[PDB]
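Let the hints inform the model, and build the full structure from the sequences given.
Protein chains: 2
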Amino acid sequence: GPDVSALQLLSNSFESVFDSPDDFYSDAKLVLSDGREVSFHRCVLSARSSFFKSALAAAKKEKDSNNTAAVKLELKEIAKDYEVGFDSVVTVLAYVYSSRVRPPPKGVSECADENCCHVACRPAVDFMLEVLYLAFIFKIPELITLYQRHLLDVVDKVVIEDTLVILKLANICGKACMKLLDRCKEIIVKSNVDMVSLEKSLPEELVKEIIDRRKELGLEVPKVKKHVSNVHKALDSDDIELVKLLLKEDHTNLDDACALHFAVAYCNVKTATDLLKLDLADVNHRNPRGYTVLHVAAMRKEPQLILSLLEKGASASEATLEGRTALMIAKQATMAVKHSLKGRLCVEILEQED
Amino acid sequence: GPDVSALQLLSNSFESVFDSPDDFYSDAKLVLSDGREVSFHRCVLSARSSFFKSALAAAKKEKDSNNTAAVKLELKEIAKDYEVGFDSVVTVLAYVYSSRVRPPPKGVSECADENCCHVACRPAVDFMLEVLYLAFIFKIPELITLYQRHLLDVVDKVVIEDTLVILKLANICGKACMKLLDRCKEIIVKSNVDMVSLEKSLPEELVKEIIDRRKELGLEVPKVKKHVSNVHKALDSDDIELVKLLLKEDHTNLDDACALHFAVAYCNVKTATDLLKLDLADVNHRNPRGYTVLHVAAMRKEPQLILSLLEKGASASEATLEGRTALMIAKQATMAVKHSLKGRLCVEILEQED
Ligand SMILES: [Zn+2]
Ligand SMILES: [Zn+2]
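Residue numbers (the authors' numbering), protein chains in the order written: chain B, 40 to 376, 386 to 402; chain A, 40 to 376, 386 to 402.
It is worth saying that the hints were derived from the structure and are not from the lab.
Do not take every clue at face value.
Stated by the list, open to error - Across the chosen pairs, the derived CB separations fall in these ranges: (1) B:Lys68 with A:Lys207: 35 to 41 Å; (2) B:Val140 with A:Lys178: 27 to 33 Å; (3) A:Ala133 with B:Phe90: 45 to 51 Å; (4) B:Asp61 with A:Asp62: 25 to 31 Å; (5) B:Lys68 with A:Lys115: 47 to 53 Å; (6) B:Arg141 with A:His157: 44 to 50 Å; (7) A:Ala96 with B:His189: 41 to 47 Å; (8) B:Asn106 with A:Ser78: 14 to 20 Å; (9) A:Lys115 with B:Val140: 43 to 49 Å.
All residues carry an ideal CB built from backbone N, CA and C; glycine is no exception.
Right, dumping it as structure tokens:
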């Protein structure tokens, strides 16, 4: 194959261009969220995508460099509608340069557990989400096809509370992720995620689109019981004595509104702290989905809450329907490794009290 | 073929880079002999060849452009051991950029005859020689192999007068072209070309071996004939008094040394002008190769000398030992193309004599 070998040679040459970019007359820089800069050459990213073409063309004249300065592209000020890391950026640029995908570095898409195969857990998933969003915004259709195929293949195993973020990002995209959007939507619909849970962490248009679908399979679950909406809307807006007086006013089973789980998962740490300082609601009374208070406390990655609820005597050895305790929730939430030390501190507490 | 398709897309993108260099932020220009400029981006040619990387690293500080102009590379100062046109440079740059070779524009690898088959005439060989030299000096091994194989399988069909320049360039190139050098050298040695031509059109460190190729593969060819050497060295020195005095003393036959052939081939138009008027020897006599004076005159690109010969009555109806008249020499020796018109001035002069 004389034809293919020359193509291989071109690909290797440009891969060597990317690997050592300082030496080969690199011009521009992409500046990330935290502040890392990745060097690149205007020619190749101008040619390989329309988006960078428009961006560089626009940014040319508005400034003069006199060969003593580059042009900087702020990924925080361009890809506005989501947040991305560093290794995904490296992967996308490496695909642009060398026409092949680069496997992620060690200890990134692997979480903490002993025998978590690292296929569906949180780090692998959100790595895929970051690279898919970057490819969508940068207009590379084939990379869209590949990574959308990956997510669509894995989507069955993942837990619902991450299928939600998958759905959110899929809606962030356009028609490019139509298959993923529809599959994920029909996954969520047949489940039993409560009204408030969808309303809090999904756009209004989409929650309408799903709540008028709930009653279409013949599955009659309307939105009722506006009584607890007062407590929820009164405690999400950071007021405590108000809800104390309200609960003491009508005497309408505070715990039965799952105020503990709601405040632990969606409210702020101070609010949950004072709510647990008050002692008028049970702690092991699990919510309709099947999560106790400390399950979601661990999933939120807040060590102060975990230790405080350990002080309340809540049984930290009771598993959900799937069978996962606080230890394994905390393990599969985190990323194995100037980083986020929250996750690695909660795992320790649940291996201690024995 | 997923893997092949990505490489194909990369190649097409970079070809689209090359085709329109102004839009994709070019940074340097090659400049040819006549003064034509070809735009190129320092990244790709820095990566694809060591020689360009060295040249650019040398030129990176002499002139600080500060976005006032680009850095222009003078080809003569770069590869000064041979001459190169334009379409060959375009072809080599296109191969480097897009990993495939672009055929020359219609009319450059073709002669002016409409009966030739256009596989071994003069421009066809000239194009290949130019591209082979450029590939050798740019250090592009596979292009070397391809064009070397082209010339290698063609060499055994081209008239010896072009085999001489083929060998000259092959000796210019190093051991990269050994399979061409030995082949062409053997073809030359086995022939009956006279020794004076070899002495007059090659370096000495090569003829010193061409002598032994005949003195060792069996034959005893070398003559002496120092007597005519004085006539030769007098005539080639743009003199007439010396040759007249030397030929008026010994009264040696001018037709033995074939002086008209020497004057037409390796002498200026002045000696031809002051010797052809001097009518003392036959015009229709041929050297051991088998060419008349008119044949070499046609091959020389000297229309004025050809009209001078036609004044003196040289028969154009007689054919060489290769079976060719003067018309077809004149036609096949030019190309079918705002340039040096003088090639197509000769063909008419010799044509209408019907
Ligand atoms: Zn895992
Ligand atoms: Zn021809």
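Do the hints match the structure? See the list:
1. B:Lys68 with A:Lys207: 35 to 41 Å: 51 Å, violated
2. B:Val140 with A:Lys178: 27 to 33 Å: 31 Å, holds
3. A:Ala133 with B:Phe90: 45 to 51 Å: Since A:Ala133 and B:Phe90 have Cβ atoms about 27 Å apart, the given range 45 to 51 Å is violated.
4. B:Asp61 with A:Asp62: 25 to 31 Å: Once the Cβ atoms are compared, 26 Å apart, the range 25 to 31 Å for A:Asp62 and B:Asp61 holds.
5. B:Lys68 with A:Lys115: 47 to 53 Å: For A:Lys115 against B:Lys68, whose Cβ atoms are near 38 Å apart, the range 47 to 53 Å is violated.
6. B:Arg141 with A:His157: 44 to 50 Å: Since B:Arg141 and A:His157 have Cβ atoms about 48 Å apart, the given range 44 to 50 Å holds.
7. A:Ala96 with B:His189: 41 to 47 Å: The hinted range 41 to 47 Å holds for A:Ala96 and B:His189, with Cβ atoms some 43 Å apart.
8. B:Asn106 with A:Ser78: 14 to 20 Å: With a Cβ separation near 18 Å, B:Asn106 and A:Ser78 satisfy 14 to 20 Å, so the hint holds.
9. A:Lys115 with B:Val140: 43 to 49 Å: Holds - the Cβ-Cβ distance for A:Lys115 and B:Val140, about 45 Å, lies within 43 to 49 Å.
Figure legend: structure checked against the earlier numbered hints; hints not met, in rising order: 1, 3, 5.
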